Each structure stands twice: as structure tokens, then as C-alpha cells.
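Asks: Read off the chains here:
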Amino acid sequence: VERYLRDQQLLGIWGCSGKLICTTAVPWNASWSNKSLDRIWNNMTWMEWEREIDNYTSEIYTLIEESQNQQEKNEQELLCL
Amino acid sequence: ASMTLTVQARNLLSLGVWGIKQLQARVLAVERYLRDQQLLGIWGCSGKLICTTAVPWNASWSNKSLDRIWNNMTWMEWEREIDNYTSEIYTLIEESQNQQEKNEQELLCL
Amino acid sequence: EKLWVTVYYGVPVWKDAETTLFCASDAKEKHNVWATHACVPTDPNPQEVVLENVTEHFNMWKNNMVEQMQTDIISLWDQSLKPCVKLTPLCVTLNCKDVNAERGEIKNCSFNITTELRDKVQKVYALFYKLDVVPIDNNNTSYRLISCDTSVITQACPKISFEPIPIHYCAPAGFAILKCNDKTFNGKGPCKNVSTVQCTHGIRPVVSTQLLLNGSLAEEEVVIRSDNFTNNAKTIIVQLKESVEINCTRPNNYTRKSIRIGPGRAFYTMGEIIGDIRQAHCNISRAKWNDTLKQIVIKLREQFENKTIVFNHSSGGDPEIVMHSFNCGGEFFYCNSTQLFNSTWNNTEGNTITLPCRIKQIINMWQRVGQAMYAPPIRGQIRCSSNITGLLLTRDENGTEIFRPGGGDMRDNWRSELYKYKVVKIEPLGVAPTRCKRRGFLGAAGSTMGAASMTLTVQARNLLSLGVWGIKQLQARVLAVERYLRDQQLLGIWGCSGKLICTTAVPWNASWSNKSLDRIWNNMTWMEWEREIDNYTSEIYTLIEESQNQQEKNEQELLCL
Amino acid sequence: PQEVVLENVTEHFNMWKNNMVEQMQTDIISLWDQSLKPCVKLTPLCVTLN
Amino acid sequence: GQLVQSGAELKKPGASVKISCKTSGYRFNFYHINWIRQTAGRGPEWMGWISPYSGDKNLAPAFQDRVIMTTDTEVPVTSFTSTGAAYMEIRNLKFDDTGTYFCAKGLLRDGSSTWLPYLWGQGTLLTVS
Amino acid sequence: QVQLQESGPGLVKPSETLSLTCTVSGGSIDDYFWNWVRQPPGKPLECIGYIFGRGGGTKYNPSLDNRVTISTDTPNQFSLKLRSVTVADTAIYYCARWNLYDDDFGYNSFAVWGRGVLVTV
Amino acid sequence: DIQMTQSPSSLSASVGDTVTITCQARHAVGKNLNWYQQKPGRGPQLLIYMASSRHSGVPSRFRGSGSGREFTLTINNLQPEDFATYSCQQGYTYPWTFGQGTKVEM
Ligand SMILES: *[C@@H]1O[C@H](CO)[C@@H](O[C@@H]2O[C@H](CO)[C@@H](O[C@@H]3O[C@H](CO[C@H]4O[C@H](CO)[C@@H](O)[C@H](O)[C@@H]4O)[C@@H](O)[C@H](O[C@H]4O[C@H](CO)[C@@H](O)[C@H](O)[C@@H]4O)[C@@H]3O)[C@H](O)[C@H]2NC(C)=O)[C@H](O)[C@H]1NC(C)=O
Ligand SMILES: *[C@@H]1O[C@H](CO)[C@@H](O[C@@H]2O[C@H](CO)[C@@H](O)[C@H](O)[C@H]2NC(C)=O)[C@H](O)[C@H]1NC(C)=O
Ligand SMILES: *[C@@H]1O[C@H](CO)[C@@H](O[C@@H]2O[C@H](CO)[C@@H](O)[C@H](O)[C@H]2NC(C)=O)[C@H](O)[C@H]1NC(C)=O
Ligand SMILES: *[C@@H]1O[C@H](CO)[C@@H](O)[C@H](O)[C@H]1NC(C)=O
Ligand SMILES: *[C@@H]1O[C@H](CO)[C@@H](O)[C@H](O)[C@H]1NC(C)=O
Ligand SMILES: *[C@@H]1O[C@H](CO)[C@@H](O)[C@H](O)[C@H]1NC(C)=O
Ligand SMILES: *[C@@H]1O[C@H](CO)[C@@H](O)[C@H](O)[C@H]1NC(C)=O
Ligand SMILES: *[C@@H]1O[C@H](CO)[C@@H](O)[C@H](O)[C@H]1NC(C)=O
Ligand SMILES: *[C@@H]1O[C@H](CO)[C@@H](O)[C@H](O)[C@H]1NC(C)=O
Ligand SMILES: *[C@@H]1O[C@H](CO)[C@@H](O)[C@H](O)[C@H]1NC(C)=O
Ligand SMILES: *[C@@H]1O[C@H](CO)[C@@H](O)[C@H](O)[C@H]1NC(C)=O
Ligand SMILES: *[C@@H]1O[C@H](CO)[C@@H](O)[C@H](O)[C@H]1NC(C)=O
Ligand SMILES: *[C@@H]1O[C@H](CO)[C@@H](O)[C@H](O)[C@H]1NC(C)=O
Ligand SMILES: *[C@@H]1O[C@H](CO)[C@@H](O)[C@H](O)[C@H]1NC(C)=O
Ligand SMILES: *[C@@H]1O[C@H](CO)[C@@H](O)[C@H](O)[C@H]1NC(C)=O
Ligand SMILES: *[C@@H]1O[C@H](CO)[C@@H](O)[C@H](O)[C@H]1NC(C)=O
Ligand SMILES: *[C@@H]1O[C@H](CO)[C@@H](O)[C@H](O)[C@H]1NC(C)=O
Ligand SMILES: *[C@@H]1O[C@H](CO)[C@@H](O)[C@H](O)[C@H]1NC(C)=O
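Chains as they are written, first to last, in the working numbering: chain W, 1 to 81; chain V, 1 to 110; chain C, 1 to 561; chain D, 1 to 50; chain F, 1 to 129; chain H, 1 to 121; chain P, 1 to 106.
Bound-form chain W, shown alone:
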């Protein structure tokens, strides 16, 4: 129960609660991985990709949660008047 709640909460803060694949507004920073989509999607396994960018992964998580969702979610509330 704890693990499932952790995953669902993490999806919730990112605004992706109802999607298996969700697209965010974070631009890809080349310092995380400066590789083309052919060099990623047809070269690596998910294991290799996840090991490659672990600390960078934590950085991505804090960026998706901290700014993108919140900035897109507060603006809306001030742009409906």
C-alpha cells in the first residue's frame, strides 16, 4: 500500500495521475544526456537508461514537480478571470 501510494502521489504532483505516458514542459538539458532519439530509443534498455541518469533523474524530478506543474497550474488560476 505504501509503495503504490508513493507512486500515485508522485504522478499526482506532476499532473499525470491518469496517464501511463505523460508529456511535460521541461526542456531537455543537454548536460543530462546529449544523445539523439535514435541513440536512446533504439540503443539502450530501460535499465541502462535509468542507471545512466540517476542523480540527473533526481534533478528532473525536482524540476517537473517544482516549476513546470506549479507555474502552469497557478497561471491558469490567474488567467481565467
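Mixed in with the good hints there might be a few duds.
As the list claims (entries may be wrong) - 30 Å max Cα-Cα, derived DSSO-like pairs, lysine-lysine:
| hint | chain 1 | residue 1 | chain 2 | residue 2 |
| --- | --- | --- | --- | --- |
| 1 | P | 31 | C | 130 |
| 2 | W | 35 | C | 553 |
| 3 | V | 102 | C | 425 |
| 4 | C | 86 | H | 59 |
| 5 | D | 17 | C | 107 |
| 6 | V | 102 | C | 15 |
| 7 | C | 183 | C | 288 |
| 8 | C | 192 | F | 94 |
| 9 | F | 22 | C | 515 |
| 10 | F | 11 | C | 192 |
| 11 | C | 192 | F | 18 |
| 12 | D | 37 | C | 86 |
| 13 | H | 43 | P | 103 |
| 14 | C | 188 | V | 102 |
| 15 | C | 159 | C | 257 |
| 16 | C | 188 | F | 22 |
| 17 | D | 17 | C | 28 |
| 18 | F | 11 | F | 94 |
The set of hints was computed from the structure by calculation and includes no laboratory data.
Assemble chains V, C, D, F, H and P with the ligands onto chain W, guided by the hints.
Replies: Relative to the frame of chain W, chains V, C, D, F, H and P with the ligands by itself:
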């Protein structure tokens, strides 16, 4: 503060005297978070960190301008100021949601 | 015509289920045997929504609450006696002589106690009742305690009180208690006036046999309840309108001496006789009992046809089984209830019935063997003031029915009270056809489909969310959270992130229900509908999951490119 | 540790009323009693000593 | 569901009559029960409907001072069925009141067509001569 | 593999003493109640009495007006003495082992029965 | 003493059927009931002790349960070796009364 309210949300889920106690603590945390999710759900604000509700600010609670409510006041001062009336706000939100939902489509689209 | 499946969450539906309920005590410490600490404080005001149009079927004789109460009271009794002194070094051979006066009921017994000091052997004198003392030889003076050879005798702590306190049982989240508010209810059958309560009325767990002491009374007439009424050997619970009164007294005044067993442990026993040796003479007003027997035999003639009804005493045997047994004052009485059932009715001496009673200290409770409790004596007279509230009758051949005071285990002492309450599991999820595409709790349960679909909010809000009682509560709460996450995951896989009412757009086949929307959203309760589509529930659920989410998800995956 | 300093906060700390303290008190007593519990009692040695 | 009525009856002018309707196999409380009379010389007409849940009554305008309707309380026999009864009494019979009186159980509990009679009995022959 | 064998006369006239002996094979007598029981024809089994261990406390069915005495004779034989036997006492008599301990199979039950001997009058 | 009765007094059954025997106590006995099997030429055998525990070596098919004064022995998948006289006994008060006995016939 109203920009840094998603960092205070990913940390609500982390025999013998260190037996029942730890499991109780975990079930406690889980129960609190599930109750808060249920609260947001029944009000119809699921999936939203902040949600906007039909209810009109009665102004009896705090006859203060937004320039002073949202600047000059930290969240602690606001909670102390409006602590007494919180029950009323929640009740308003609930009933308002209810009306905002049953009369909206639940009957038109039945 | 163009109908689609719509999923409704918060439906007022239920099915019979068995679970563990939370015990609640009146707000109003005394270390009372049934611990107050285990049970939560009661809500100041209970809520009793008067469910209208709901006619539920109740059955006292298949009710898991009664067995749960038996288990809970046994557990609390054992836990309350857990830290008290265990009388291990008192099986010693006792040299006993009859007390010079009842005759022979109290025995002056000498014995050698070998305390933990282990450099002395102390000869001590104590009085024991005859019932707790058995011979061990052809010598008329040598005896032992009655049950100390095949059991471990636990002394009850004198600080534990046995006074009844009303105990409530309250439903956990996810379940409900349906109360039958009828006045002449016969235990087993449909109930026309049903309400829903969070907790039951105050229940005094009074322990007694052949007769129910204290508690609620019937409102209309004396009520006679039995499961079959003809198999025999099935307790015929009798609830009365008016209460007779069992005033009971133990005249003898006794002094309580203490004998050291170990550092900080003492055996409390009977010191000497103060005053004359009298007998415990329970007084029941004969006239009132006359009236009660009349108001019972009339109903029994009504139920068993106009046969001659004879009230006989119980069959002879050992005192514990045959004789009535109070729990008054902290002293266990056993009263020879023979004068109360000595009448043939068909169709003059004295005005007060005096029942002799014998006091017993060593007891075997809950019909168990290998365990035994010693109740220490009480200094001073004990003066009860109880109230006749119910009877337990059992049947045994010239056209005469023989009723005797019988009974059973203590479960039958609570079927007499928890006869107007049932535990039901609520399953908030349901489906119904609609035209679209992508009051209190159960107050509208008896309402039609329409106008019950507008109150799901309250049912959804209020349905979900240390020691042995602690572990049971933890398992219960974890199970409730599991159930809640079952519902939430079912809603999520059906694409209802947060919508009590979520339309699916799955086609409404005509092999499930052929009824039109007017005959589906009116003329039926949610119960009848849920029963109707019961078989197809799995198929429908599959269609809501497989046919859409997957395809909708793939589609949305293909929309960004 | 992951300590985060709090800016613009003034809180009224008051020991001698901290639930932490009595919690650890209850805990030390519980552990000590549980640890001692299975060990041998010394009732026999109360016999008089020369 | 079944509705059973008593047999025929003959009375003189100026008398009064009460006729009883007994219901089995359906929940008497839920549905409105209403009375329809088949006249010999005019054809059928509507008398009125009664709602046992609140005891509410509604009568056609010609018979306010002629007929009074009352109802029994249902006795449950199972969870979703019950047996019950209704009674309608007419005062001051004339020759024109000869005809067949029918009960009828209403179609729906709610919606637009709750009032309408749906399920009918055999009819009771009242003769005034 | 504890076995019990009853022995004694198969015919006793009214009013003398009926004497039976149950012999324990396989194992010696141990701290379990050893019980005499009977089955009269057309009646349920009726407990007659029991003795504990090799000489010790006894108990006897109260509804026999003290006509029964049980004692241990040999470390693997015990005996039943029933006085003032009448015609009503014709029965098949069994000796049985009654367990006292809840850590073994057959707690509070006649785990071991003998074959049984028919005694008439 | 505590009177014990059982029902039915006798029943017939074939191989493979399920048989149910009800034992009723005149007074509550907790869970202290035993079920015994008797065959001609052989002493009684213990089937169940403490009203729900099978004795060692008893076939699994024999199922017995109950509480208070009411108990039931259910024999599923009746075997030819299981045709015997079944009796119930109490254990609370001494003398531990037995019961009339039910004979299972072919
Ligand atoms: C136990 O079960 C019974 C039987 O179902 C229920 O009693 C019924 O309750 C319904 C709902 O109130 C009654 O409905 C009738 O509805 C009419 C108007 O409502 C319809 O139309 C409006 C549009 O105007 C829609 O919004 C609405 O959804 C409906 O489609 C009225 O004509 C009726 O009023 C009658 O009674 C009132 C009483 O004061 C009179 O003033 C009117 O003149 C008129 O006679 C009515 O309200 C239905 O008639 C009831 N039937 C019976 C037999 O009582 C119980 O409510 C139910 N219990 C619970 C707790 O729900
Ligand atoms: C059905 O039961 C309910 C609940 O017990 C009854 O309502 C109570 O009626 C009494 C009458 O004196 C009131 O004092 C209570 O306040 C009512 N309780 C609630 C919770 O409303 C009701 O009368 C019963 N109806 C019947 C038998 O027709
Ligand atoms: C129980 O028996 C003991 C001894 O048999 C009694 O104790 C004696 O009581 C008398 C009363 O006059 C005293 O004079 C003696 O000194 C006591 N003897 C001892 C050794 O203490 C006791 O009184 C008896 N109790 C009852 C109620 O009969
Ligand atoms: C394919 O993966 C291998 C293994 O890590 C890597 O060395 C190589 O450069 C990858 N090729 C491309 C074209 O990205
Ligand atoms: C600013 O804050 C101070 C301290 O909370 C308060 O006393 C003062 O009135 C505030 N001023 C305005 C204009 O709101
Ligand atoms: C032990 O009790 C016996 C009982 O006969 C008695 O004779 C003896 O004196 C007692 N011994 C002591 C040391 O008190
Ligand atoms: C009552 O018991 C008798 C015993 O013969 C049985 O036939 C009958 O079916 C039972 N009735 C009910 C309602 O259980
Ligand atoms: C117990 O003492 C009280 C003191 O008032 C007295 O009334 C009573 O009679 C005494 N009991 C006996 C049996 O003498
Ligand atoms: C009970 O009745 C007897 C009759 O003699 C009387 O002496 C005694 O005081 C009565 N007891 C009570 C408690 O009323
Ligand atoms: C029982 O005791 C009460 C105490 O108030 C008294 O009023 C009543 O008369 C007594 N009953 C009898 C039958 O003596
Ligand atoms: C039952 O009562 C009758 C008198 O009505 C009596 O003769 C008979 O012995 C009683 N039976 C018992 C106590 O078993
Ligand atoms: C109750 O008293 C009567 C008085 O005749 C007596 O026969 C009977 O044995 C007593 N009952 C008990 C259980 O001692
Ligand atoms: C029962 O009533 C009869 C007849 O009045 C009487 O002789 C008998 O003694 C009564 N029984 C008891 C136990 O008092
Ligand atoms: C009522 O009690 C009286 C004595 O008060 C007794 O004579 C009478 O028989 C009793 N009534 C009945 C109906 O037996
Ligand atoms: C016992 O009955 C009397 C009758 O007046 C009543 O006042 C009293 O409250 C009752 N006691 C209980 C505990 O119900
Ligand atoms: C309403 O339900 C009842 C109960 O099954 C049934 O008799 C009746 O015909 C239903 N109404 C319609 C219009 O089908
Ligand atoms: C649903 O299953 C039940 C199981 O008892 C059966 O009686 C009923 O006929 C089934 N209904 C269907 C397939 O509609
Ligand atoms: C062991 O002793 C038992 C006693 O009955 C006997 O049956 C068995 O045959 C013995 N073992 C051997 C190997 O003979």
C-alpha cells in the same frame, strides 16, 4: 509561499516496542494522507494543489484586501486569523460543490 | 435507445457480512474486568437515520455479532486476570473440620503454607465453602481445593470490579449497522421499520444463567423468540414488559485475612465468622411473578396451541449447571431456582418466594476446563437490587408441554438484546445505463434509482476512512484501507480519476437488461438492480476496462505526434 | 541529516513540556522491562543469611 | 402481482357499500392504487388514486361527497414483497351506479407515469335495483 | 500402541460383589485417569468410575449409591469392584484411558479403549 | 447429570454420500465434546476430541464442529469401512454422559 507548496507534499509518506509502534506510525501517515485526498475528492478538487470554488468570500471572516492578505502576511498568520471559521469554509465548499454537481449534469445528462 | 454504461460510486447497496466491530464505552477509572481503556469513548450524540421503504430480513440465530461478543468478553476476562496472583502453592492437603454453627457449608481448614522465605512452614487457618472443597481420602478431615489438581487457579484481584457497564459496538469504516425499530419483532423475519446506527444501544454484559438480569424490556407485549419453535432443545428467549425485582442479601459478615505467597503477592481468604450463620435468602414478590408467568403462558399457549403448560424445575445434578448464578457484588451466588417453576396452568401460602443460595469462590467460567478463577471474599453484607428482565426456557407426553429453566452459553444472554441489529457490508460501486457518453447515510437506500443517485456524496464520504485489541484493530484498518484502494484502483482503471459519476460510452447490450431507461431509473431500488445484473457484473466490468482505457490510452499516445 | 534552515521563522520552544521526553521515558522503561522479563527471578535468596 | 376482490353484491337505492381489494406478490406501499368503474350506459371513468406511503388521496371532481378511500398497512412476507389491502366506501346508491368496479396497481413509483393504472383485478359487480 | 484387556467372570448372580480386572499391555500405568464404563443393552454408555495413576485420588459416578470401588493391584493391572449387583447391571464393561493434558491427541476423551467384556446376571 | 440427545436415531446411506449427525446437549458444554465410533467385536474408537480436533490417524474425511449445546459431525465421501455406530460424549461435568447412538446402514 504559494509557489513552494509542492515540496511540502512529496514528504507526507516518508512484536516489541518497535513492533506495533512503527506499523502504527505508517498506517497513521497513510490514513491522514488518504483522508486529505478524500477531502479534496468529495469537494471535487482531485488532482489539483489549489482549486477554485464557487463559494463567495463572505468578508466577515477577514475584511482585508488581497494586497494585504497575500502580502504582509505569512501563511501562519493567516491560519491563526481564520482558524475559528475553518469549519464554516469547509461546509460552504462541500454544499457548494454538491449543488455545482447535482444540478449541473447529473440531472440534465441522466 | 442509444444507452451507455455509466459507473456510479457511492451507491446505497449492501450485503450480509461478518467483521470485527469497535467497542465503545460511555464517556461518563475502576479497573473493571472489561477494560475501559480498550474501548474508545462514545460519540456524544448517536445518529439514527430512519431508513424508509427498506424491509430487511433479520435473523438473531445467525448473527456474527453475538459470537464476536463472546470472543471479546472471554478475551477481556482473561486479560483482566492476567497480572493477578496465581494460587499455585495452595493445593496443599487441607485438614478441615465443620464450622460450629446452614450446616457444613463452611469448613475450618488448616494447612501448611511454605512461603518463598523457605526457612519456615506456617500452619494457617482459613474458612472455605463446601463447594470448593473435595475429599482426598477415607479420612473425613482431609480435603483439597475442588479444581486445583487439573487447573491453574487465578485469584481475581480485589481491585477489579464486576459492576456491569453499558458497552456499545460501533461499525468500522466500510460497514454499517442496520437496526430493526419494530415493537413486536419475533427475532427471525422481515423488519418493516429499519434505521441505520453507527453504534448500538447501551448493553450491560451481565453474566447469568437460566435468567437474564437487567437490560431492555419489550414495548408492546411479552415476546417469546425461538429459531424453530418445534425441534426442542432450542432456547426460547422470553423478554418481558414489566420487570420483577430480585432483592438478594447475604446476611453473614466476614473478615478477610491475607496470607503471603511471595514478595508482593497474597492469598485473600476468609478469617472468621462475625455474627450468626444465616443463609442467603433471595426474595421475589410472588404476586408479580404470578403475573409474569401468566403473561408468558398466554403467549406460549398462543404459539404452541392450547396445550397444558407445566413449568418444572431443571433436571437434578451438580449445583453450577442446575442452579441460577448471579454476578452481584463481586460474590458468585448460586440460587436454587425451584420455587419459581413449580406450576401447572392448564385452562395458597405466603406472598414472597425465598430462594436459598450458596456462595462459591472457585469457578469455571465460559464452560471451559483446565482454567479456574478464585473470587476473594467481600467484607460486610452484600445487598443486591437486581431487576428481572428476561427468561431462558427449554422444552423436554399426554398433551402437556414441559418447560424448564434452561439456557446455554452466554451467547444466548445477548441474543435477547442484540435481536434488533445486523451488520452489513456496503459495496459502493455500481453501473447503470444513461444517455450520455464521455438525507443521511443510506437515507435514500429504499428510494428509487432516481433521487437516490443524487445523494452518493454522503455515502462516499462516510463509508470509507496496542495489545490484542490493538492488533485486531490494525488488521481491521489495514483491511479497510485495502478495500478503499480496491475501489479507487477500479475507478482509475475505468478512467474515473475523481468522479462519483463517470460515463463510460461502452455500448449497453440488450442481453443484460432489456428494460428501458424509464423502467430502469424508476420502479426499482438500487438493491433490486444490483441483484438483477449480478451475473453480468464481471463481464460489464471487463468491458469498462479492456474495451476503452487501453484504446483511449493508445489514442492519446498517438495524438501528440 | 537533510537539515533545512527556516528563514523568517520565530517559534516558541519550551522544554519541560516536550512529549519527546516522556515518550523516551516510556520507551526506556518498556525496553528495560522487556529485556529483564525472561531472566531468572531471585525469590529463593530471600532466605535469611548468616 | 395479484389483486383479488370480493364477489358481486346487490343493494337498494339509498344504501351504502364498502368494497375491499387484497394485494399479494408486490409491495403495496410503493405503488399508488386507484379505482376505475365500468358503467353500463356510459363506459369507463376514473374514480381516484390513493398513495399508502403518505395516505394521500386524489378524487375526480364528481365524487368528492360520494366516495371515501382508506387503506390497510402492509404486512411483509419477504424482503421485496408484501400483502396488503385497500377499501373504498360509497354512500347513497342510485340506479346509475350499477357497474363493475376494478382496482388497479400503478405503473411506476416515480417519473411521468406514476398515476396511471397498470395491473388490474377481476372486477366487482355492484347492482343497484 | 497402548492396549487394554478386561478379564473376569461372565456371569455373577444378584447381590454378591462383581470383580473385573483391566490389564494394560504395551505400556505401564501412567498419570492418566483409568476409567471403568459400561454399556447396558439398549442404553447409552454410562461412566462407572475412575482412578488416577498407581494408587491415588478416585471418583465414582454419584448415581450408583456408593456400590463401586476401584483400586490398582499391579503396575499394569487395575480392578473394578461393584457391590450389590442386580439384574439391571447386565452390560458390556469397558476399561478406558482418559487424558488430562492438552498437548497430546485426545485431550479430555477416552483415547484408548479395551475390547470389553459382557457381564450378565 | 447433563442429558445428551442426538438425531437421527438411525439413517441409511450408500458409498460416497455425505452424512450429518447432530448432537444436542441439555446444558452448555463449551467446546468439550468428543465423537466416538463403535463397531461389533471391537472397542469404541475415538474420532474427534474437543469437538473440532481430529484424533491422530483418523481419516481426513471425518469433519466435526459446533459450540455451546449444539454440535454436528459430518462424514463426507462415505467409505465401506465407515459404517458404524457413532456417539457423542461431553467433557465438562463428571459423569461425562454419552448418547443414544446413530447406526449408519448400507
Ligand atoms: C418510498 O417509496 C414511495 C413510492 O415510490 C415514495 O413516494 C413517492 O415519492 C415521489 C417523489 O417525491 C412522489 O413523486 C410525485 O412526483 C410529482 C412531481 O415529481 C415529478 O415531476 C417533477 C417535475 O415537476 C420531477 O422533478 C420529479 O423528478 C418527478 O418526475 C408530483 O405530482 C407528486 O406530488 C403528489 O404528492 C404531493 C404531496 O404533497 C401533492 O402535493 C401533489 O399534489 C401530488 O399528489 C409526487 O411528489 C410519488 O408520488 C411518491 N409515491 C408515493 C406512493 O408516495 C417515497 O418517497 C419513498 N421514500 C423515500 C424516502 O424516498
Ligand atoms: C421507526 O423507527 C424510528 C426510529 O426508532 C421511529 O422514530 C422515532 O419515533 C419516536 C416516537 O416517540 C421519536 O421519539 C424518536 O425521536 C424517533 N427517532 C428518530 C431517529 O427519528 C419511528 O417512530 C418508527 N416508525 C414506525 C414504527 O412507524
Ligand atoms: C477455625 O479454627 C481455628 C483453630 O481450630 C480457630 O482458631 C482458634 O479460635 C479460638 C476461638 O476461641 C481461639 O481461642 C484460639 O486461640 C484459636 N486458635 C488458633 C491456633 O489460632 C478459629 O477460631 C476457627 N474459626 C471459626 C470461625 O470457627
Ligand atoms: C549503442 O549502445 C552501445 C552500448 O552502450 C554504445 O557504446 C554505442 O555508442 C551505442 N550506439 C549508438 C549509435 O548510440
Ligand atoms: C503588516 O504586518 C504587521 C505585522 O503582522 C501588521 O501589524 C500590520 O498591520 C500589517 N500592515 C498591513 C498594511 O496590512
Ligand atoms: C503440617 O501439617 C500437619 C498436618 O497433619 C501438621 O501435623 C504439622 O504440624 C504441620 N507442620 C508444620 C511445620 O506446621
Ligand atoms: C424444525 O425442526 C423439525 C424437526 O423435525 C424440522 O422438520 C423442521 O424443518 C424445522 N423447521 C425449520 C423452520 O427449521
Ligand atoms: C453485619 O453487621 C451489621 C452492622 O450494622 C448488622 O446489621 C448485621 O446484622 C450483621 N450481620 C449479621 C449476620 O449479624
Ligand atoms: C426476605 O424475606 C425474609 C422473610 O422472613 C425476611 O426476613 C428478609 O428480611 C427479607 N430480605 C429482604 C432483603 O427483603
Ligand atoms: C426490594 O428493595 C427495594 C429497595 O428500594 C424495596 O423498595 C422493595 O420493597 C424490595 N422488594 C421486596 C419484594 O421486598
Ligand atoms: C415435572 O412436574 C411434575 C408435576 O407437574 C412432576 O411430577 C415431575 O416429577 C416433574 N419432573 C421432573 C422434575 O423431571
Ligand atoms: C432445591 O430445593 C428443593 C426443595 O425441595 C430440593 O428438592 C432440591 O434438591 C433443591 N435443588 C438443588 C439443585 O439443590
Ligand atoms: C410445588 O407445589 C406443590 C403443590 O403446591 C408443593 O407441594 C411442593 O412443595 C412445591 N414444590 C416446592 C419445591 O416447594
Ligand atoms: C398467585 O399467587 C397466589 C398466592 O399469592 C397463589 O395462591 C395462586 O395460585 C397464584 N396464581 C396462580 C394463577 O396460580
Ligand atoms: C429496575 O426497576 C425499577 C422499577 O421502578 C426502575 O426504577 C429501575 O431503573 C430499574 N433498574 C434498572 C437497572 O433498569
Ligand atoms: C415495476 O416493478 C414491479 C416489481 O417487479 C413489476 O411488477 C412492474 O411491472 C414494474 N413496472 C414496469 C413498468 O415494468
Ligand atoms: C445468476 O446466477 C444465479 C446463481 O444462483 C442463478 O440462479 C441465476 O439464474 C443467474 N442469472 C442469470 C444468468 O441471469
Ligand atoms: C514392539 O513392541 C510391540 C508391543 O506390542 C510389538 O507389537 C512389536 O512387534 C514390537 N517390535 C518388534 C520389532 O517386534
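Asks: Please go over all the hints and tell whether each is borne out by the structure.
Replies: Comparing the hints with the structure gives:
1. P:31 to C:130: holds (28 Å)
2. W:35 to C:553: Given that 30 Å is the threshold and the Cα spacing comes to 28 Å, the pair holds.
3. V:102 to C:425: holds (26 Å)
4. C:86 to H:59: Between residue 86 of chain C and residue 59 of chain H the Cα gap is close to 26 Å, so the pair holds against 30 Å.
5. D:17 to C:107: At roughly 58 Å apart (the allowed maximum being 30 Å), residue 107 of chain C and residue 17 of chain D break the hint.
6. V:102 to C:15: holds (27 Å)
7. C:183 to C:288: Distance of about 23 Å is within 30 Å: holds.
8. C:192 to F:94: Since the Cα atoms of residue 192 of chain C and residue 94 of chain F sit roughly 42 Å apart, the hinted pair is violated (cutoff 30 Å).
9. F:22 to C:515: holds (28 Å)
10. F:11 to C:192: With Cα atoms ~39 Å apart, residue 11 of chain F and residue 192 of chain C exceed 30 Å; violated.
11. C:192 to F:18: Holds, at about 28 Å.
12. D:37 to C:86: holds (17 Å)
13. H:43 to P:103: Measuring from Cα to Cα gives roughly 14 Å; hence the hint holds.
14. C:188 to V:102: Roughly 40 Å between the alpha carbons, so the hint for residue 188 of chain C and residue 102 of chain V is violated.
15. C:159 to C:257: Within the cut-off at roughly 16 Å; holds.
16. C:188 to F:22: Since the Cα atoms of residue 188 of chain C and residue 22 of chain F sit roughly 26 Å apart, the hinted pair holds (cutoff 30 Å).
17. D:17 to C:28: holds (28 Å)
18. F:11 to F:94: The given pair, whose Cα atoms are some 10 Å apart, holds under the 30 Å limit.
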